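Removed: one protein chain of the complex. Kept in place: all other protein chains.
Chain nomenclature is as follows: A, B and C, assigned in order of appearance, with residue numbering initiated at 1 for each chain independently.
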Amino acid sequence: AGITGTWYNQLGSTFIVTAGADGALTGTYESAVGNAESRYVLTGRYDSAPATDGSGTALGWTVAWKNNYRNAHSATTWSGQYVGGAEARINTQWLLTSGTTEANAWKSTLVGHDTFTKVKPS
Amino acid sequence: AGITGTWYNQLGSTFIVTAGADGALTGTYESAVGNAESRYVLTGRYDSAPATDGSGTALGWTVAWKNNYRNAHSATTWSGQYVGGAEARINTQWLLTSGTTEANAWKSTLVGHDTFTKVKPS
Amino acid sequence: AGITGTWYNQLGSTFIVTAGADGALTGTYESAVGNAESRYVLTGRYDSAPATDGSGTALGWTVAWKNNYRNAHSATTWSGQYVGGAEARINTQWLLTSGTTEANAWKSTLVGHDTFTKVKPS
Partner (left out) sequence: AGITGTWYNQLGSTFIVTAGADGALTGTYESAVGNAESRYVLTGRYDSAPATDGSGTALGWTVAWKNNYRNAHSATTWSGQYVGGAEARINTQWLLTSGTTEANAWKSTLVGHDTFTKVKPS
């Protein structure tokens, strides 16, 4: 239940997600903090029966960077865990793969990390 | 879709996926070929209008490792691209995050790569 | 050299490095509290003539986790860039590979990130 809702990364990106009872993640990712042409479908999965020993809840999701307005020919996956409580966060690593020719495939995939919180960053 | 169908990685895993018209990926991932207790839901996204310059098709998907037989409290995301043709492949990089305590979060995420082909490996 | 000297990550590790004139990094990495038994040799390379247009200085280094007190049969590489100024930092992503059997090689490599600053975290 703690996953469903709006999350903000450290750079101002926004995503809104619904965590389904059986493990589905569905929602929208906005690469800005207020822009229509910047909204993309996201889908993912999470552990719907996490451990109760204080461990985080494992999850992942994907955004393909095509919407009705733009197509970057690329897709980002986020892999991480949800941690609940007063300082709730989703801590993630991500991979962003661009469609490339075979010659350029070696440089097709960027890697980074995002920390999502329930409140916007300053 | 050249994407819709069954794919095998180089280690004995398989997945079956349907690529929807507007960019959905839906299917099942089987970590051990010939073992239905190792089948898990997969969901993801792909570029439904890739570039016309011979570039690959960017995609990503997630598997949370919970089914009726197992809960590993973990999730893997695969990020990559599909290349069509006689030697069709999905070339990926993946991130496997386990739910952990805060103290153990530094070692929560494994990284690797998978190459999927339409035919089983050796 | 803005790189030469002592750096602290976000979690209580320290390293001291000398940046040589032509691009060598040499020094010691201490994973712990100020625990001498957690000190390890580090070696790496950096760009000794970075672009002077506000770009960071690319660098990388390796620690093999063997010293006189410990052998974890593993090694971490950090890849990142140095950013100078009042809020100087070395922003990195790392890969930690453990020696494994072939059967376990798929889970041999952890991935994460470290931000190093010239002052200790709170």
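The criterion applied here is as follows: contacts are C-beta pairs under 8 Å (C-beta built on N, C-alpha and C of every residue); 3 or more make two chains touch, one makes a residue touch a chain.
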Report task. Report, in label order, the displayed chains that the undisplayed chain touches. Result -> A, B, C
Report task. Sort through C:11, C:32, C:36 or C:41 and give me the one touching the missing partner chain. Result -> C:41
Query - Which residue of C:4, C:10 or C:55 touches the chain not shown here - result: C:55
Report summary line: Per the touch rule stated above, chain C touches the missing chain via residues 23-25, 41-51, 53-66, 71, 73-81, 83, 91-102, 105, 108-109
**Report entry** For chain B, the residues touching the chain missing from this view
**Finding:** 93, 111-113
**Report entry** Hidden partner chain, residues of chain A it touches
**Finding:** 11, 95-96, 106-107, 109-112
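Quick note on the criterion: only the chains that are shown with their structure count from here on.
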Report summary line: Rounded to the nearest Å, the gap separating the Cα centres of chain B and chain C is 32
Query raised in the report: Just curious, how far off is chain C from chain A if you go by their C-alpha centres, in Å?
Result: 28
Report summary line: CA centroids of chain A and chain B: separation to the nearest Å works out as 17
Requested in this report: Return the residues of chain C touching two or more other chains; collapse runs of consecutive numbers into ranges.
Outcome: 111-112
